[PDB]
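Student: Fit chain U with the ligand to the known structure of chain P by using the hints.
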Amino acid sequence: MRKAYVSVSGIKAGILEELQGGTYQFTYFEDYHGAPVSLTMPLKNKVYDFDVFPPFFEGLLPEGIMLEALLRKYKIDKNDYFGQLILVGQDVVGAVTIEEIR
Amino acid sequence: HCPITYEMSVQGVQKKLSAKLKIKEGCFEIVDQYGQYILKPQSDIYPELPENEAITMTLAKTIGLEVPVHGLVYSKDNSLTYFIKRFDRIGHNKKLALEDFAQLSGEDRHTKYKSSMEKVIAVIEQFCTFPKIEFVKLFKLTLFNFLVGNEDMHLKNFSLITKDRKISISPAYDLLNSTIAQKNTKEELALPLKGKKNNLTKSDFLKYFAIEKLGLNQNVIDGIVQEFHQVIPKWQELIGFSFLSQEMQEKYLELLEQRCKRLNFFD
Ligand SMILES: [Cl-]
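Chains P and U, in that order, are what the protein sequence lines are. Heads up: the first sequence begins at 2 in the working numbering, then just goes up one per residue. Heads up: the second sequence begins at 743 in the working numbering, then just goes up one per residue.
Calculated directly from the structure, the hints in this document are not laboratory data. Incorrect hints may have been included.
[What the hints assert, rightly or not] No more than 27 angstroms apart at the CA atoms, straight line, and that leaves these computed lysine-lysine pairs for BS3-like:
(1) P/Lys-45 with U/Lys-861
(2) P/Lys-76 with U/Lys-836
(3) U/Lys-905 with P/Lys-74
(4) P/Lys-45 with U/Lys-908
(5) P/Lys-47 with U/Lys-836
(6) P/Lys-79 with U/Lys-936
Looking at chain P on its own, in the form it has when it is part of the complex:
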């Protein structure tokens, strides 16, 4: 289905994967060795599973009025957190950037 590159300060760090049902999975690239994507995701583990949208990537989405500004600029559903993340992935608060693979 939908997958996306996850880069840290320009350097590709891993892949965030939308998984079957409603789960999500982030996998670190073996080559990557800089700083962690999130402090909740140390490099000592390369695979992280989630039953919902992971909270770090959800924390990069707009809020309040700026979320309504996004939903009226793009043709995207108000609950599609992964889809909204791809639309803003080029610039969010952290040093992390997301670009879709498809």
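Tutor: Relative to the frame of chain P, chain U with the ligand by itself:
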């Protein structure tokens, strides 16, 4: 544009626009992406938010809190707009790791209020480089927010920054007197302290919070409490000179006096 002599949810009614600082003109340019500043124009729901956030930010700098470059500009409708320099952008188009406490504790936008000040301490102990140093300003930041009526300090308003491989609490952001901005304000604190969001007392901040949860000694607490005592005169002087309206200024001073009296600042 250009600045002038300024060199449940509440925040979800004000815009947070990205902007670059023009090199020659010195004016701001709102952009969709790749901005180095955040601009907050007037809100059509709650009044005088930019002027509120501007003076509150300066009050935090007076008590010794780390505050980035902030100020006020003139919008195109000749209203005042608050600006702040992002600390996750540091020239040469480089970035710094910035994570808020909802991301660090497994919460989201819908549950950013379902936490507590005790969980905020747990995050700092787990990730910060010098947790003992961070507790000192968390005590100062929590006391400051209680004094200036900032009742919107949810999980997304606390952030950890990674600068020079040192992990500490980010500089101040989204600090304003949100009690005077609304009517029928429900809480004094956004996250409960000792299971309390209202009617917090001196023993809640100086004994349970400062001693039992943060581990600060008595001489450290006395020095910080004394710091807030000497800043009350300058705080009232800065507010009277701020860009708030006279009616908004009186609501700010009255609430500041009420919180100071609760902490026995005048006796
Ligand atoms: Cl320490």
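Student: Taking the hints in turn, state whether each one holds.
Tutor: Hint by hint, here is what the structure shows:
1. P/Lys-45 with U/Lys-861: Distance ~25 angstroms between P/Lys-45 and U/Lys-861 Cα, so the pair holds.
2. P/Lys-76 with U/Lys-836: violated, 31 angstroms
3. U/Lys-905 with P/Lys-74: Violated, at about 34 angstroms.
4. P/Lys-45 with U/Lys-908: holds, 19 angstroms
5. P/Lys-47 with U/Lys-836: Judged against 27 angstroms, a Cα distance of about 25 angstroms means the pair holds.
6. P/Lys-79 with U/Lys-936: violated, 36 angstroms
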